Amino acid sequence: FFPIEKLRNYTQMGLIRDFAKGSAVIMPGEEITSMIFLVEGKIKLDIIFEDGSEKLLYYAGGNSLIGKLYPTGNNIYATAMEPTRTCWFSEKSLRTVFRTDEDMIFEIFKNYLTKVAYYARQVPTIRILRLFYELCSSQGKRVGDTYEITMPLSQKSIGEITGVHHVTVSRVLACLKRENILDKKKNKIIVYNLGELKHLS
Amino acid sequence: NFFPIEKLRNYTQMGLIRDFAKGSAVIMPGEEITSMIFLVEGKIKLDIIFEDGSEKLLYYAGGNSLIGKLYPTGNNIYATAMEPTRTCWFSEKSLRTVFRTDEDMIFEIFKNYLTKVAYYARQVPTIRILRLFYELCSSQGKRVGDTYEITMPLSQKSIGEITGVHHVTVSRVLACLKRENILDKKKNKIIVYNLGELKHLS
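Chains as they are written, first to last, in our numbering: chain A, 182 to 382; chain B, 1125 to 1326.
Since the hints were derived computationally from the structure, they do not count as laboratory data.
No incorrect hints appear here.
Cut-off 30 Å, straight-line C-alpha distance, at most; resulting in silico cross-link-like pairs (BS3-like, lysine-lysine): (1) A/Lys291 / B/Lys1217; (2) B/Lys1281 / B/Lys1311; (3) A/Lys337 / B/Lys1323; (4) B/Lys1217 / B/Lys1131; (5) A/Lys225 / B/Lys1240; (6) B/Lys1309 / A/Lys337; (7) B/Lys1281 / A/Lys379; (8) B/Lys1281 / A/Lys322.
Throw the hints in and build the complete structure from the sequences for me.
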């Protein structure tokens, strides 16, 4: 949640909006321009990617801060998971705060910073040729200077298995190919240069 | 996306200018940073270290990026100026100056910062592993009674690479199958003790 309690002393500078259990909290592109400090309760922020798709992002426990003070590249769609109470902070209430006490400036920074740390700490190609070498070096059965693996394993499945976005499972499988490194010809995997796999892996 | 915050160029005087010839550690490893660093010319690779001396690259930073931090963060940072680079350092006591001189910046950063979380979160799951085995099984599995038996190495680590998966999970996940009863990975042997429920969960 990365709660920022300190701020509950400060909600009276806010717009308190209570929401029922399911009622959409940020719309999928209702335009949102304020920090939504979440005081009792819980919220599910998913992103709607621009295809139409769905995909979780992160929950918001009590005390957490969600929202934003800007248009910020993405469509959020967040549901109240349980009858939840929230205090909205416009920039101008937000201002009003900092004037009433600096420390909170930092307070949010901290909270943001942390959040950066966090997600950025977590954050392809090799995860691929790792999967392949794995297979080649177990299932590998020599055919002259290449090695054959008698298994379908289709683009979709490398994606799934590698947690890798298709355009990449393509480009790279394309590139493994173009290199006399690897054919996944329909049924069977033919590895032309194993030393070069191991090494890129 | 060196999420530059050009506005900050206007207040470097409230800051601390620290210059950094190429190759030079802008962030030593486990040296403690309590200042926003503001990149006023140049280019840094930030790396991290996992608590297991592992290294991998955190971001770049470019003309007008803000890296650095005002607090502890339980991350292990190693920045080096690729190019010769002018920085400028924001202690709190100093940003605390800037925000009085100029209360607007408080939002120009909050934006700034608020935005990378977008970014990152947007980029950013047990699924895979199973799935990894699942294909691995359906293709290689040699059914020994109710079990399906492949002969491979699968170093806990390789899985964590293959699958963009944190070691705790890989670990805490071979934990949850070998238990559950699904899968045992015991040395040079896969031994799936339930393909049906294996694909239910995938």
